[PDB]
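Below, in structure tokens: the form solved without the ligand, a single chain.
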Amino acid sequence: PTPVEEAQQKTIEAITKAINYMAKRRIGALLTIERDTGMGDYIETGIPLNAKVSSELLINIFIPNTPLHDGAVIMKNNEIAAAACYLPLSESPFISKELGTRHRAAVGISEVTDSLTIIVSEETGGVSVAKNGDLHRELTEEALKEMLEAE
């Protein structure tokens, strides 16, 4: 592997480790990965971090009833750009009616960007991904990894 490939795989492993921990504990989480469409306007709504990715930091960010847990983490250029960011709520009538604002925010950003957003449900610990205006629900660990590698 090249340095850039090794770095991408390390980031994927850090994300999946954090997501698994949160899914097991039913910790709600919202993590958007910026792609070609710039998301600076949304990054600017949160708390700046520009931090190295680690599973530890991702977990610490989303702990319930803490300063950083409300809102989205946005990743950009292999770093955590900001936490507690605003994302736009989707008005799509085709999202499962049992899902709340975390999932609607993820679908919303996916409607206007090419980003990939991961959501952990605080109700069930279920893991989902929003891309292109669609929500892919009840993902296995393998499925999430496949989506991150495809992305």
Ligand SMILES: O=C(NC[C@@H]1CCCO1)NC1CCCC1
The other form holds:
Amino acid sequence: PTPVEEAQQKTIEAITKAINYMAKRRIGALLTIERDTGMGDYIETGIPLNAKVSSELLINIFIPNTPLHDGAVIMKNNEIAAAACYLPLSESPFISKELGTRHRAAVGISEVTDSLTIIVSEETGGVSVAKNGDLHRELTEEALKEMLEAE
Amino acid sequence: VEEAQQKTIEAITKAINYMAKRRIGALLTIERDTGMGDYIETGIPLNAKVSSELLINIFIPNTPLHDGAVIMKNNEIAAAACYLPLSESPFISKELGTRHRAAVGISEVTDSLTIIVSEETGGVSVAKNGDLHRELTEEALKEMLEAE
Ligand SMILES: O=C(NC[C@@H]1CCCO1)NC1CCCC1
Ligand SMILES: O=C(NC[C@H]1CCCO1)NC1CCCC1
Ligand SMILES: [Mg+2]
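Same protein, different condition: the form solved without the ligand was shown, now please give the form solved in complex with the ligand.
Time for the whole complex; same chain goes first.
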């Protein structure tokens, strides 16, 4: 495998381990992965980190009642670019009415970028992904990892 | 460069103040001229920009990153949850535990400056040159960082 491919696999493993940990504990999370549409405008609304990814940092970021836990984490490749970022809120009628701001923000950014956003519900622990204006809910650990590997 | 150093000092002091008030244990070593790569390598790599918010989030109790030392280098957070050597000095106050002994320990073999927040009292101390300077005010800590 090339170094880029191995680095990508490490990042996926870090993300999936963090998301799985948060889902089990009902830790709300909002994690947007930049793709080909640049997200600089939104990255600049948060606290800059420019940090190497780890499952441990991702978890620490979203612990409730902490400085960094509200708003989105935005990733660029293997790095956490910024935390506590603003994303636009979708007005889509296909967002389940019981869902809160994190899900509406994820769908919102997915309507104006090709990014992939992962959401952990603080109510249920359910894991969802927003992509291209669609929200896919109640993902298994395997489905999430397969979505990341495919993207 | 001067504006960047002051920004980092302000970020550190704001984080330390927050933790001291809440009696959140913390251990933050600032590399100086003695390289500490061997200890940085024992932690979780971050190479992150300093912010008060990131420092606070690192040290929250019962989280992956809160046990061990944060090591700063070249104005960034190099790693978290790092190992530091424990001092065997018999002249550390006996009521103090592992965090303070680790800060003194790294200070015995490097020129680094380490900041400790006690989880028992929220007291703020600094280890340098093998000595621990205890019960620091906000102003005293700022003076040490500026002097360093
Ligand atoms: O693009 C990289 N990782 C991408 C991750 C995979 C899962 C979400 O984003 N790493 C390359 C840039 C730095 C070295 C290779
Ligand atoms: O921010 C600091 N140095 C900045 C360097 C890199 C860019 C320009 O010079 N040092 C801080 C750490 C401890 C207290 C001050
Ligand atoms: Mg379904």
